[PDB]
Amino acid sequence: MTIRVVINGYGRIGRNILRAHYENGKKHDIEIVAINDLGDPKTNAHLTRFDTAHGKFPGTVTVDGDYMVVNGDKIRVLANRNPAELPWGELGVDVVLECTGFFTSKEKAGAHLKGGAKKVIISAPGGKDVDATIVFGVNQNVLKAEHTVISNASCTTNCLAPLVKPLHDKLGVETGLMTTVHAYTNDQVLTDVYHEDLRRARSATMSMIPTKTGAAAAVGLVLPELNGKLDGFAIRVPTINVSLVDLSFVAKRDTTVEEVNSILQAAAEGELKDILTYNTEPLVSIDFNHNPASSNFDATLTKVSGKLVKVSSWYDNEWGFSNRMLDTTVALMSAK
């Protein structure tokens, strides 16, 4: 059967989920029947047609009354800050893609359930009470039909976990620390202005700006064997999109650059195909823009010194994650 989906929060994440669905030729048996956003529907349609990072949408978008029509599909448009008031039950909603950032716990995301939706996928790290945290390609097999509110982790965790899973299986990971060299986001600023975080209060276009991230530590939610073994932080730099996971870890046994690369090449050609890619060309970050993979491992950067191993992976922090939201939607509704 066809999964009826709605997108709560038509910001960048929600817009890129919708665009990912149409730009892969709706390969998932999914129908987006509604979007909720406080912005003017004409403005959101315009930002769907044109994007700086991801170019022009290769389709048609029009506004007709209470609907945005995308390639002939009429999508109901809503504007209500309180999700519990949305008519999910009347629309027969199967899955709410919760992309606002304000409803990341199971209790808060349950407002969608109160409105009549069957399930919720949070496009972000969830509270400790969520039923599951999923990196598709790594641990979607843990999903069950009884799960009603899950987290899709973060963009960074979806890049790191496919990288570390095969390495732990074949080599063993004692402990690891990560730096993600990360594009700036809209939580940052153009010129210095008041901000809850004194570093993010500084111009993102002119500086490297450290900031905390739990993505490395969150790999333990997806790979329990690595609980407490990984940590790290991020350095925001002046690029608009595409980021880099830089993981240094102590292997449990002696290895080489070639063996490390061979493990990830086999994973990219096998169990993790189309989720993890294997790259040997001399590419730069923009070459991975609009790439739907979760983790684009760069074998040219691999370094080994003793037991310390350094592996790096490019990821489009918007496009890979938005595509994974669709994969996880299908897996959740297929769970028994």
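For the two forms, the rigid core is made up of the largest set of C-alpha atoms that agree within 1.5 Å on superposition. Positions refer to the first chain, counted from 1. First, how it differs from the form deposited in another entry.
- When both forms sit on the same rigid core, the CA shifts between these two forms reach 2 angstroms or more only at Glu196 out of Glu146, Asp129, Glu90, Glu196.
Go ahead and give the structure of the form deposited in another entry, now that the form deposited in one PDB entry is out.
Here we give the lone chain, stripped of any partners or molecules.
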């Protein structure tokens, strides 16, 4: 039975989820029945057709009344800031993909359930009250049919976890510290102006901006063996998309650059295929734009000094995450 999905927050993640669904041929047994944002149908259709970071949408998009028509599929357009008022029950919604950035707790995201939706996937780290936190390819097996509000973790955690898992299995990680150099996002500002975070109040276009992230510690939620073993922070830089994870960790035994790279190569070819990739070419961040993988390990950058290991992975923070959202949706509805 096809899963009926709606996207609440038709932004970078929300739109790129819809785009990923259509660009991959609707591989997932999913039908997008509705989207909700602040704009009218003309605005949502226009932003779907033309994108700066990802170019023009391959398919056709037209407007017909209250509907945005994508490759012949009529998708109802809503503009209501309050989730509890959205007509999810009447549309028979199975899963709400919550991508506004404003309802990341189970209490807040549960407003969709009052509206009549069966389940909700938060497109960000959730509050402590969420039923599960999922990095697809790593721990989707923990999902249960009773789960109703889950988190798909962060783009950073979806890159770090598939990177660290094979290294912990074969070498073991005693402890690790991570820095992610990350593209700016729409929570930042063009020129200095009010923000809750004093550093994010500074022009994203002009500076390297340190900001806190829980992505490294959050790997403990998806891989419990690494709980308490990873910490880190982010440096936001003036790029529109694509980010880099830079993980330094102390391994349990001595290792080499060649062994470390071999471990990740085997993982990319086997268990973690299409989630983790292995790259040996002299590439830059833009070359991974529109790459759907969660973690693009760059073997060219690996450094080893005794037990200290530095591994680096590129990730399209919009495209990889958005494709994983569709994967997690199918897993949640299939979970027993």
